[PDB]
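Only one chain is included here, represented as C-alpha cells and corresponding to the form deposited without the partner chain.
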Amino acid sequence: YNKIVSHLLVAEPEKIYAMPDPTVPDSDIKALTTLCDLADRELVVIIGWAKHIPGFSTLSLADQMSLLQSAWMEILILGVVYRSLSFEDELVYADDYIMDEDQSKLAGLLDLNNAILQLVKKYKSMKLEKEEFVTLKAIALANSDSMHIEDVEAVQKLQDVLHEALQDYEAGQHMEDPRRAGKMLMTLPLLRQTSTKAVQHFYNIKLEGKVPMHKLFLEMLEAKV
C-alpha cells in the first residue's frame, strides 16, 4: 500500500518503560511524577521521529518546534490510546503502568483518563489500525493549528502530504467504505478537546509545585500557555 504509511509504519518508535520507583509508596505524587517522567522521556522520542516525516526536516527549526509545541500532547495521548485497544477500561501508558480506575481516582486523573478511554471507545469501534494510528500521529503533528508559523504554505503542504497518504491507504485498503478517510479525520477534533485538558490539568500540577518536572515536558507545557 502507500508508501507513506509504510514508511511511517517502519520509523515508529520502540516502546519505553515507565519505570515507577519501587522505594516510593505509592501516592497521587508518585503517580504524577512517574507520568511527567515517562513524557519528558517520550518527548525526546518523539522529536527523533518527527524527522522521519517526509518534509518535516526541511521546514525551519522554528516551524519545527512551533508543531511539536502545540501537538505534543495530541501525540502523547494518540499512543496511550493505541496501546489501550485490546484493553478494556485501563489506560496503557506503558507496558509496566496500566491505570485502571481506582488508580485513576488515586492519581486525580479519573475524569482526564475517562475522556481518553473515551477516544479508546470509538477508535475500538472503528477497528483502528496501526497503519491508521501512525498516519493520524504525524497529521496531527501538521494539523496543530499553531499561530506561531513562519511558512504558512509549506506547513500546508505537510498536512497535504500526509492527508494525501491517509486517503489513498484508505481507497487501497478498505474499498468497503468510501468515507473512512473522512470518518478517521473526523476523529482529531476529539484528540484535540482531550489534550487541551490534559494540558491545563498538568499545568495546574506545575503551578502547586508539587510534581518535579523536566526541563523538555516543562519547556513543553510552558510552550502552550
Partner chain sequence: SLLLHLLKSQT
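Residue numbers count along the first chain shown, from 1. Here, rigid core means the biggest group of C-alpha atoms that superpose within 1.5 Å across both forms. First, how it differs from the form solved in complex with the partner chain.
Once you line up the core between the two forms, the Cα of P25 ends up 2 Å or more from where it was.
In the core-superposed comparison between the two forms, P212 has its Cα shifted by less than 2 Å.
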Second form
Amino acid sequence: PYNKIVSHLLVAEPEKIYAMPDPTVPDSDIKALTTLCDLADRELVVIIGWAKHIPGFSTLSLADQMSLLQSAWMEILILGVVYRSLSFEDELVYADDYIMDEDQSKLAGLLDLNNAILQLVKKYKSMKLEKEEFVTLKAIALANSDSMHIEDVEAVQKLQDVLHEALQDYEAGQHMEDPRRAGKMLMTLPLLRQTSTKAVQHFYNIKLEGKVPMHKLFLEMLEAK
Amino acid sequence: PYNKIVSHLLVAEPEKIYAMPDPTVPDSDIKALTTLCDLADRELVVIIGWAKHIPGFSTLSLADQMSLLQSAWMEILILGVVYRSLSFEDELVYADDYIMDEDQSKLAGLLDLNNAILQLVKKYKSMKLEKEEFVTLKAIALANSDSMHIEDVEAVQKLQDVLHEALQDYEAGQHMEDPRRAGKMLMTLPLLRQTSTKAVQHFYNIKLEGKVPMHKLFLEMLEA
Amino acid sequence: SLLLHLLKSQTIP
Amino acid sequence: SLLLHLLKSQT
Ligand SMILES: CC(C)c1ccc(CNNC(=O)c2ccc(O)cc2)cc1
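Same protein, different state: after the form deposited without the partner chain, show the form solved in complex with the partner chain.
Every chain and every other molecule in the complex is listed next, the one we just looked at coming first.
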C-alpha cells in the first residue's frame, strides 16, 4: 500500500473534532452557524499543520504558502467534512458530535450548501473513496488552488506535479481494475471548487450581517484576496 | 495516432459567429453587455446542436441532455472565448468582430471576470493546448457538469468515461514525453468551473437590474 | 422548452 | 498574520 508522499499526507489522520454543543439552550440558526465557524476555525489550525508536512510546501516562500491556503482553504475544509460523512446517509459530519441532518441544515439556512456537499458525498461513496485518496486530493486542491498572487509559479507547478504523480502511483498500485480512477478523482475537483465558492460567499454574507461571532483565523481566511 | 472520439469532436467543431455591434449606437456599457448577450444567445443554439454530435450524448434521455447543458453551458461559452483568444495577448476574442482589451473590459464592468478568463487563457497557452485537446475537454466539461437532476447516472458516467478514455489515448499517443499531461488538462477544469460561476452570477445580476435586454434562450439557461 | 425544442429541432449550420 | 504566524511556527 506504500507511496512515500501519501504517507506524509496521512500525518493528521485519524482526525477527531468536537463541537460539544451546549444542550442548556435551544438550538438556533445563530447557535448552529457559530458552532460551524468555531469548528472551521479550529480545523484550519489542523489544516495549516498538515500542510507543513506536505513535501515541498514549507520550501515555498511564506507569501506563496499563504496564497495557496487563502485560495484553497474552504475546499480542504469541505473535503474533510465530505470524507467524514462517507458512511452516513443524507447527513454531514461537521464534528463527531455534530452531525447535521436536513432539519438542522434548514435551521441554519444551509440546505442549499449542505445539499451540494452531499452531492459531493454521493459521488465519493460510489467511488468508495479511501483515506489515501482523500488526503491526496486535499494536497492537490491546495496545490492546484489557482491563486493569482503566486511569486514562484514553477515551484507551485512542481508541487502540483509531484502530488499528481503520487496519485498516479497510488491508483496504478492499488486500483488496477480501473486504469482511469486517478482521472475520475481529479474530475471531482470542479464540484469541490464550486461548492467551496458557494460556502465562502455564503459565510462572507454571514460575517457582514454581523450576528455570528467568528474567531481570528476563520476571519483572516474569509477576508483575504 | 488516430482516436475515434477525438476525430468526431474535431469534425463537430462548429463555425465562427459574429457580434455585429451597431456602429450607430454609442460606446457605453449597455451596448457591450447587450452585444455579448445577443452573441451568447445565438452561440447557445450552436452549442445545443454541437452537443448532439458528441458520441453518446444523443443516447441519453432528453432530460439528461437538458440537465447537462443547463449546468455546463457557460463553461462551454467561456471555453470558446478562451480558445479563440489563445493567439492574442491580454485580450478576449468574444467573436472575430468583437475583441476586448483591458480598457474595454473596464468600460463594460467586466475587468475581474475577463481577467479570470484571461487566467484560463494563459494557462492553456503555457501548456500549448492543441485543438484536439480543446474539443475533448469541452466535451468532458459538458459531461462532467455535475447537475443535481440526473435521471440516468450510469449513462452520464459512461459518457464521462468514454470522453475521458479518449483524452487518455490522445495524450498517450501524442504526448508520451509527459505521461501526466492528461491529468494536467483535467486539473484546469476547476478554474473553468469557478470562472463559469463568476460569470453566471455577474450576468444574473445584470438580468435583475433590468437594463440589458436578453433573448429568450439566454434567459432560460440563465435562470437554471 | 426552448432548449427542448432546439434539441428536438435539427441542426442547420 | 495569524496564518503567517501559524505558518512560521514549529514542531
Ligand atoms: C462550511 C464551513 C464553514 C465548515 C465548517 C466546519 C467544518 C468542519 N470540518 N470538520 C472536520 O473536517 C472534521 C469532522 C469530524 C472529524 O472527526 C474530524 C474533522 C468544515 C467546513
